[PDB]
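One chain follows as structure tokens, the form deposited in one PDB entry.
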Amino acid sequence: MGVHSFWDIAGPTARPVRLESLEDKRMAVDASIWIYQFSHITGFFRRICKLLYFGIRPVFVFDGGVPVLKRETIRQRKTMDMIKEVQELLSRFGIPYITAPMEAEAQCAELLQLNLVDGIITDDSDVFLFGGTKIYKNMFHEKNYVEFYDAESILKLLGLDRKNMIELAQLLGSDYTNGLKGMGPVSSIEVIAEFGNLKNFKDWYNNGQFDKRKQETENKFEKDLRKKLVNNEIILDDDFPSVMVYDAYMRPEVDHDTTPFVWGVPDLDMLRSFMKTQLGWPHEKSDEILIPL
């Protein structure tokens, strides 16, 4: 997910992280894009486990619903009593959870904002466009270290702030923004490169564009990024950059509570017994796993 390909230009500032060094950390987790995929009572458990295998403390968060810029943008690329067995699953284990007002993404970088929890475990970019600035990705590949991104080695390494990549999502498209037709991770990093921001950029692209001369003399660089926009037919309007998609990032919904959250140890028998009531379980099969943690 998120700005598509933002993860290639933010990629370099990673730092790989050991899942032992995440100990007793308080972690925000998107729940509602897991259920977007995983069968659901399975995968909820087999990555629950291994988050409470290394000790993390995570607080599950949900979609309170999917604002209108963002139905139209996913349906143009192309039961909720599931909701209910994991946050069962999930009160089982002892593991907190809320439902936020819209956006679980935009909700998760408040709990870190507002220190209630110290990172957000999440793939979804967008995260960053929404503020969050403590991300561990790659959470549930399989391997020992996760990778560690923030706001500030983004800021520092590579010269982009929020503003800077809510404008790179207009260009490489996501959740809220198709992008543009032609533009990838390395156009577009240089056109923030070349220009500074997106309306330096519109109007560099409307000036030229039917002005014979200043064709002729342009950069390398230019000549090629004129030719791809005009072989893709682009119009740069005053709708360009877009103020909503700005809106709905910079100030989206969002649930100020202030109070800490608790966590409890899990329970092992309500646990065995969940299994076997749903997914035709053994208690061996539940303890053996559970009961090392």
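Numbering follows the first chain given and starts at 1. Between two forms, the rigid core is the largest collection of C-alphas that superpose within 1.5 Å. First, how it differs from the form deposited in another entry.
Per-residue Cα shift between these two forms after core alignment stays below 2 Å for all of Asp118, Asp123, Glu85, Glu222 except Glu222. After superposing the rigid core, the C-alpha of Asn232 moves by 2 Å or more between these two forms. Once both forms are overlaid on the rigid core, the distance between the two CA positions of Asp211 between these two forms is 2 angstroms or more.
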Given for the second form:
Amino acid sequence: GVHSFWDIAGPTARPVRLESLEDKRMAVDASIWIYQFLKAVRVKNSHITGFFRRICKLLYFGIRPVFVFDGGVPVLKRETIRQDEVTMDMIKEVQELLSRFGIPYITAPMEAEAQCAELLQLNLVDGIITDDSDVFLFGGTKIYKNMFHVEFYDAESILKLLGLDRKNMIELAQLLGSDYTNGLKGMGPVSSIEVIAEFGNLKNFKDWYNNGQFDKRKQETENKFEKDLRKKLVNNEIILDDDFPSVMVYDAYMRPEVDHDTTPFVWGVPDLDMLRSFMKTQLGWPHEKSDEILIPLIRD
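Moving on from the form deposited in one PDB entry, kindly provide the form deposited in another entry as a structure.
Chain alone follows, minus partners and molecules.
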């Protein structure tokens, strides 16, 4: 996630009738789904329960989901971190629950959100389902938020209403903080938007700071906004060095590690036998339950 970015983006959110998503293929970001389900229960096989509940919600509206998972963790994402777990079984048995629903999946090389962004650019999907805001910085758009509680978000609306483009968002993160960077102490959603509007880019921002700190003549012209921003930056002891902004943060967002495979996904059909004989064994579900749920799913 990028800190408080949903707060900034949210006023561009637009509602969407769940009906209208019929036959739309979606990249579903489930990189953290199992983890969440482990930590939000007052229980065992919650991931299977949680996955199933959600899978049925996607199918109920004719969504053609393709599930994506996490691979490795990128270098930048690690060095920023140093400053009940996920078992391969739990993973396998939800991928298995997908296959038996006929739902395809991939495991991303690195970050899932990055991958989802790639598939959408490759015309392999028509929408991306996630609650992770980093998807915007990786180039993603047509985001569907709060699918499981619905808010449509896209790069156009952000550009057109907030004036933020791809470069702007990658830079906002370097103020607000994110998985790739620590941000600037003192800069939250309001100030970081003020800075980008006023200074245009982080390189311009830093010159104004350094120059002003190197020769006090430079500040003589400064308006109220700049004057008050200086003290704040100073009282928080902000040093803006060579690696501000980071070319590495930029590159990591603009060229994330992703699968560029153009081969389309295949969507099968929910195998009522294997599904009923999965729920029964892993959860203890009688057939009369799964069939009441699944039969209207197969035949609509």
